[PDB]
Amino acid sequence: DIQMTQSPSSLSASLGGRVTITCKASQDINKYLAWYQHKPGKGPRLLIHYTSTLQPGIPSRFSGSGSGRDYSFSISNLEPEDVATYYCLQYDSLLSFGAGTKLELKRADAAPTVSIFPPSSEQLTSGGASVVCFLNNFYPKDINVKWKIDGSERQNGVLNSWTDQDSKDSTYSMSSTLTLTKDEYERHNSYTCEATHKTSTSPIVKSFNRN
Amino acid sequence: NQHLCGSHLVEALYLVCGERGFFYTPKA
Amino acid sequence: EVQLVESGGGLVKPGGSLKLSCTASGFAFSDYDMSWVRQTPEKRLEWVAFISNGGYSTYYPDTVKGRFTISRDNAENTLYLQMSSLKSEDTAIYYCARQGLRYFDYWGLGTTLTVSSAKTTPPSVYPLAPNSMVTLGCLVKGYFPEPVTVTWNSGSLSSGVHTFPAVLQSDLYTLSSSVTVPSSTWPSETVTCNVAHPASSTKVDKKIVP
Amino acid sequence: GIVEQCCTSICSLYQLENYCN
Ligand SMILES: [Mg+2]
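From first to last, the protein sequence lines are chains A, H, B and G. Just so we're aligned, residue 1 is where the first sequence starts under the deposited numbering, counting upward by one. Just so we're aligned, residue 3 is where the second sequence starts under the deposited numbering, counting upward by one. When you line the third sequence up against the deposited numbering, it's residues 1 to 83, 84A, 85B, 86C, 87 to 130, 137 to 216, in that order. Just so we're aligned, residue 1 is where the fourth sequence starts under the deposited numbering, counting upward by one.
Isolated chain A, as found in the complex:
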């Protein structure tokens, strides 16, 4: 087909600023390029067709440009509604989409609030134990978790998942769940998740004993 290369794949901007996205075609596409904004839970929304022609209704702070194989899309005066994923589409030869640019907010660095949780009385009856750790409301997105139990840092039986940018404080959050069987939990005693974030040289340590 025609391959659209879209860059960058993710992007952080400050309210009121400017952002520029690029799409390179594998061949000349004769200005037949459209741009779409896609928000979670909604359907895509056409912004620009024919390189730079705005759809009726779309705020003028959106614009595009280009020719041959090199095109660019731009947001002036970034507004909170503009956080979304943006995609280009070439429609000169059949149809092909770019991979997308995730557009997130810039914000002041913030440290994680770390909270730790032993397995509940409800789960151990079942025969399992899950220790959970929240690394909530921090910035930037990128973070690291290390589990310690009786001084031993251990890895297996953990899997972790990440929030998208929170819409209230424009922070990110992170879930750390270490899971063991009913009896490897009662074996040991001191359980620790350490949260290390570029806000802080020290890791944020929170822990509990047999209580």
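To be clear, the hints were calculated from the coordinates, so they are not data collected in a lab. Please note: incorrect hints may appear among the correct ones.
Claimed, not checked - Pair ranges (Cβ atoms, derived):
1) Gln15(G) x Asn3(H): 24 to 30 Å
2) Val2(B) x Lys146(A): 50 to 56 Å
3) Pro80(A) x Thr40(B): 26 to 32 Å
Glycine included, every Cβ here is placed at the ideal spot set by N, Cα and C.
With chain A's structure known, arrange chains H, B and G with the ligand on it following the hints.
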């Protein structure tokens, strides 16, 4: 080999687009 | 007032069938070529099927050609997508899209398809209990399929509510939800995660106890 | 699409050009 359209659409597109081919929906 | 409403999504075993529908209103539906486009879990947009305004022409990429059939009933303002020989790579949100010109100019909200051999399992729901502020949570473990819903205090707690994406493990999902409430409110008052799992017809309320 | 538009009547060469890949 025979054509479907009185307009001779397929033959007409083979000359206008060549090895590019065509799609059913216009771009402009 | 152009509207496109997809419907019919659901869970299907590999090799199964499913017919998606799309209801058009607010425009002369029989004048418009129409497409189905899907979004994969990796958030790529994938053109899946095309049909011309009068139903004469049709197009499918090779990834679905021979397994999918797009069709329209213009007098009922409805676009259709009949899928068969379903494969896990078909798992996506499917969108209805209008093409006055070749670029799409209107989309629906989507309908979600899941292709999996995993069987439907209700979740286990565990309370997570440990300043002016306290953070609590609820752990929902070993369920299938997505989605689950988490509310706090029947929906009347909204901020400091962070619901985290499920990860697939084995064949089962585990998810967590965080609630941060003023430490005056708790444990003086009860904070309860309300979990809903429509696929297993589950609604469970777990009280967080100190 | 093209079948509905350029098959009962002749479309111009400008028109047909717009359907090309
Ligand atoms: Mg013909």
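Taking the hints in turn, this is what the structure says about them:
For the pair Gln15(G) and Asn3(H), the beta carbons lie near 25 Å from each other, so the given range of 24 to 30 Å is met. Restraint check, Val2(B) to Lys146(A): a C-beta distance of roughly 52 Å satisfies the suggested window 50 to 56 Å. Between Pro80(A) and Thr40(B) the beta carbons are some 27 Å apart, a value that agrees with the proposed interval 26 to 32 Å.
Hint compliance for this structure: no hint is broken.
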